[PDB]
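Given next, in structure tokens, is a single chain: the form solved without this ligand.
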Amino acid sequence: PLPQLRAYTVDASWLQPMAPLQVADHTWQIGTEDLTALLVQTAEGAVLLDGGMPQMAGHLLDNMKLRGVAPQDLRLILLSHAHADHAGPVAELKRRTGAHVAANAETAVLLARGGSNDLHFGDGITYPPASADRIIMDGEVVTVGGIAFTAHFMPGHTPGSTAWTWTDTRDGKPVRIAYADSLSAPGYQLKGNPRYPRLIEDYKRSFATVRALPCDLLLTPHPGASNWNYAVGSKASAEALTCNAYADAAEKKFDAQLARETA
């Protein structure tokens, strides 16, 4: 017979729950040890950046209750990119919290079809669809409870990959936080791709965009990409990379993969 449908299987560390880890005075890591889900607590509600796997919806709500954040207090959901391992529980979180989802046009159309018809993965990695409530332009500022979030487009991993920057505090003194999406091309066809003709040009420009980001502290959807280690608690950001080191190491791998593809 025809082959059975195969689901998205990941490592066991991507689904290992952890307690809320503090990043700044209002920024908390409430995801897992290998998936970043940031919670920003303001005076007029909470903001969530990414969510992880689709089955992490209940775990995210439990950590929000640990921080004193009721479900109806979640006001907005921000996304780096609309893939299943980071925008999975968005649909379920909208129903159980009443929040809104902000994303650009490319992330909105990919989120609306549940990651299906992917430019590189096809229908292999899908998740429940969700609709975006506010369309975001490049450089637009989103304000929730006095905390301003600025969107920075960085197409490559997905056409709608977006980096979010905001200024928090660390016991009074300010700190610039940058949450940038992945800059990798896992198994992508880089040259002459019919679905993404200008893929190389968007990666090169995104490398420069990440370098110029105002950032004192960098975080990525996968903690290992920015040399974070959520398991060691207080010393999690000890070896974290800079925006230059994160972009320089990404461009060196992109050039090597682009060279091997030629051969």
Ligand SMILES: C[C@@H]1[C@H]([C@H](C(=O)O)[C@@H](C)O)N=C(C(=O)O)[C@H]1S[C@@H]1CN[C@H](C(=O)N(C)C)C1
Second form
4 protein chains.
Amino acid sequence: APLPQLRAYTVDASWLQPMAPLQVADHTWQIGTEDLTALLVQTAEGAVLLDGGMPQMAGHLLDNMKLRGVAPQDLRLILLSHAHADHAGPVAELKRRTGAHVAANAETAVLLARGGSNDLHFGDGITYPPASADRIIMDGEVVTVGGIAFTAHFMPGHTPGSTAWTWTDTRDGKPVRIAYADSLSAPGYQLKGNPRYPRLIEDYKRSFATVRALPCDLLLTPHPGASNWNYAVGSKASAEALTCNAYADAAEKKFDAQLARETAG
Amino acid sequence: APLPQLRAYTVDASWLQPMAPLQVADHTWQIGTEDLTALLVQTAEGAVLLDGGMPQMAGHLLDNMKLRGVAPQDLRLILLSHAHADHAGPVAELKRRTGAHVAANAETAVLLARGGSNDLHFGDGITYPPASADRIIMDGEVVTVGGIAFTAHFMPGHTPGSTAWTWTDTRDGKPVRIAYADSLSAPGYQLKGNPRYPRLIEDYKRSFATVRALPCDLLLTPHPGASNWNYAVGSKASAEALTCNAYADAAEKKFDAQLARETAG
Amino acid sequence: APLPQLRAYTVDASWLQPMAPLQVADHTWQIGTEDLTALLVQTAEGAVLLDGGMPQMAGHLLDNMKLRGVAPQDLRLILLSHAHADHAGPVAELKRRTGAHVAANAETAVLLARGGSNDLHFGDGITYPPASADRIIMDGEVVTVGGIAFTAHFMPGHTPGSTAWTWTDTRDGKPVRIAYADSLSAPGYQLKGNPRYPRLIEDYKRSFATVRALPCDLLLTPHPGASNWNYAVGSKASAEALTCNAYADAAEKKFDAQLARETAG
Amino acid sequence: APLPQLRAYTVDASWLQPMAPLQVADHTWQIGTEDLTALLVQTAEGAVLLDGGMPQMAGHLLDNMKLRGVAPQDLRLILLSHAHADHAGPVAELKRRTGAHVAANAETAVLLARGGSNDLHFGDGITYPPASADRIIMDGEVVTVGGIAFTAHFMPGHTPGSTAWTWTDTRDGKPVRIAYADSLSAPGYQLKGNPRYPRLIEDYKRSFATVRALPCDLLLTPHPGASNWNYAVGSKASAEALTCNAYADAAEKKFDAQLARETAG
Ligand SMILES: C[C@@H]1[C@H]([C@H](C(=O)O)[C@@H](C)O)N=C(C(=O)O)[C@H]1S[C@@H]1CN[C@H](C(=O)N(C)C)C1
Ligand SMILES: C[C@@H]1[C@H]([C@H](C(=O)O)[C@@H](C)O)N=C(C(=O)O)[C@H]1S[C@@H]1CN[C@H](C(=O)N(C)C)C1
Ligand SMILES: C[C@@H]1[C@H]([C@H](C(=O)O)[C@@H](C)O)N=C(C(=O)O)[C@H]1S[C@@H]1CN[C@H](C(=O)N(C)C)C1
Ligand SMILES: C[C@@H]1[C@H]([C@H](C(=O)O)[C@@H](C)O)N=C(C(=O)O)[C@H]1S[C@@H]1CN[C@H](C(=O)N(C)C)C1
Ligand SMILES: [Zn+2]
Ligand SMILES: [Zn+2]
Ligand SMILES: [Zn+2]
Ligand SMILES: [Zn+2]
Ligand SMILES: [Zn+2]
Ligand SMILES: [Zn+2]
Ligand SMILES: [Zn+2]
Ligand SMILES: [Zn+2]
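Now show me the form deposited with this ligand bound, since the one above was the form solved without this ligand.
Full complex below, order starting with the chain above.
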């Protein structure tokens, strides 16, 4: 009996179902798929991309940027929620084709440079082309493009580098404080006494409190279902979206239930 | 219609068919699979590994090292023919589990650090966990472990970093100059006017001449079939093996035929 | 008037004054200089080095290891307090000459890979040869060599990656819990409203509390004066050494005074 | 007697003597110092910089770009002759402040990522802030910005990664084939039997022939004196400049004389 074949990272079809740009606020657009968020923020001096989704989405993102009037070279900066294959997948290829810089904290930088390999929980099961961060970000640091200020809020747990990004856009007239909060799932993770992540539970617990305190007129998440968006319904997409408070509290109830189950079995 | 799923790198079963250590000379053993070479050289001051095969072979290699009396921490150095998934696949994991250093030329180092992504010919189709080289090697440089001297001979073409490694072992008494020459295939490559590799044909042509001039009492290749080894027949494995001259000349005839076919269609 | 010349990183002579190995406990030795700590821990299966001091100390460290019976290849692992030139200076050269692996957290890893350049407070004024970390460590993770367990305790502030390392040695018979706590200085730092380190004050404040809670029968610090060691007096070197509590409290009083002075002027 | 202090990399004052932009052709300007070349090429879709000189020149270069109408964000690409402190010195800082990408061959990439440390001949004596290459270039590859095509010609010797860059500009009307050829010095190098560079002499010899064959209506070199430019005399700066043939032949005569002297003593 030979050694087993490598097994591809396959996802639900809706994670790979392309959509046209969906306007979130005056400068902010969802340009990823129906089930993976990729936010384009268009400024007077270039564009910012927050997340890119799966590795095979690079061309779709560039197509949607062009629909928005954004040439590849106009992308100045890539920001990330966390460096897993379904959110940072196409970053290497996007950098090559745009000249964009990547800004991320040290934890996200080292995982991205590994292509998601040697993941604390997934091992080498879910990888993607490696990419290097060009600017290292600290907790609370402000990154500014075209006058739009993006603030990082560290929320470790789902990954050590998990980050929420906040910025204030407008809706026609009035300001809208947008919060792009990272995932709070723990899919198949060993939570208690994890030798690769000894303070995992403490980090999640603090991250729930960080999410609750975010400036947050409008919450978005890497998976739209996590904050109750429906990208397929256009102008009704945000209607049932959760607050940052409700997102944190639902995530913590799920976490507490999984911890109790882990303690049981 | 959604975007396509990622597709795993699958190979012939014999590339993943484990074998027990096969002795090549007094200190040198084939410890990979029936169809992928991985050479262990055991010295008074630790072991050297030349190639590791596929990513999922790391545990098999460590098992065979232990059969040879070589504990994981006793592996001092990893050398590579070239940094493709089926030859350098398990290098990252081997480094983590042994403390070995990797020595390679600059071209092999940059490809390895990318996990084989953005390959000049394969793109992102065939990747593996990224790894960093700890020592950069120049053409003709000598690497010595436990008194055994390994000499690098650059033979670019199959990859820009393709390298032949030579060393002198013994067979009971008499010296045997071993040549571990890299692959000379060009699988699906565009050879002529390649914008990612403008001097590809010149490099292959020079590499044929480098292989012909190697010190070479015994030739081995990353794929045993390439030099006419049969690892499944034990002490008869090397009986029909090619000389370095015959390997180079057969590879150049194949190359010339493919170039003429490329020129035709 | 031409642009100014580059200016070397010069230190007090005692930071570069070599000393013979000074035994701290049964397996632990100070092998750096009179004014820079470099701890060698010798185990049944190889040695661990915690810090190396200045870049030009590599040969002195190897000389002292040899005096201890430790050949260069016997060094298995390098640990760091923080990645500044006077503590991590010779790490690159030590790795090349020993085959050791470096283990560090993500923050220390990214600063080390920059050679201390683009430092949040020093800019490019104080740099050293870059080095890569081979294993990324999480808060509370245990690294074990030869049965001796080293636990990391993150204490950000002096650098984002600042780390205390703890292990239990023996003194003849009885156990001694050693705490190698990092520096808590803020030399010339802007503490309040620092755009490169927005949560600097919160991190220092938490790090004082982390240091107070360390398992700590014997405290050592990267600069011996910081914990009131005198490496020049041999067996009396530790006599007046501070507890972890006193070190934290003295450091916090200094920090509070500097913050008040920063608030004033 | 203590260990010696670190010693700064100091150069002649004229290597740090700033100058205003000196026009070389319709799109090409010398914007470095009187004694260090840094070429700005201005295109319809952004600027290219070839070399930057010393680390402390970053601000001077940005000042000269602004004089040319080139904002920091308008710099798209940095190209290098070779990755030594006096030519690639400010690359890290320029990348941070412009968003430019660096393109270089694998040898130049690995040396740049080391900040020039562990240099084959200089060791750690001459270092600079490390920087990463964003695009790896092959021999003869064409890099295009704003329709202007830059071709790389490898000329190893001074460093393994030494590269000549060629492009065709215009002088008012007529085309001018510019050749920016790298240094061919061997300052204090051991040429014969160098274990860190065994094929050094063969590489230099081939590089003389590469330089002789360059498309070359106008030659420039990293040090203007090497090709007999005088940047201080404005429109007469290129009057006595050497051809590519004469540069190669003078460099080879110097090399041959140094080799004979090395063979003697
Ligand atoms: C298993 C996932 C997937 C993996 C991950 O990022 O952890 C990815 C590697 O495949 N992405 C994930 C994430 O939280 O970001 C996870 S969890 C899953 C995603 N949508 C679902 C959701 O959020 N609901 C509220 C139902 C659960
Ligand atoms: C297509 C391959 C495979 C790929 C490669 O390394 O290029 C790998 C990525 O899947 N390894 C390869 C190599 O030359 O190293 C190639 S060529 C193929 C391997 N054994 C065969 C062989 O060498 N014969 C003499 C029949 C041809
Ligand atoms: C300015 C330093 C020097 C610099 C640093 O590491 O920050 C280095 C870059 O030069 N190392 C330093 C450290 O805290 O680690 C600092 S502080 C200085 C060192 N010994 C002194 C001390 O600790 N006392 C209790 C008097 C103060
Ligand atoms: C010793 C140098 C200096 C060093 C180098 O790059 O090698 C640098 C590290 O300090 N740069 C150098 C180079 O060739 O690029 C060298 S050689 C020196 C520079 N101008 C002179 C010259 O080229 N003449 C024709 C007189 C000789
Ligand atoms: Zn995830
Ligand atoms: Zn996800
Ligand atoms: Zn291959
Ligand atoms: Zn192969
Ligand atoms: Zn410090
Ligand atoms: Zn210090
Ligand atoms: Zn040079
Ligand atoms: Zn120079």
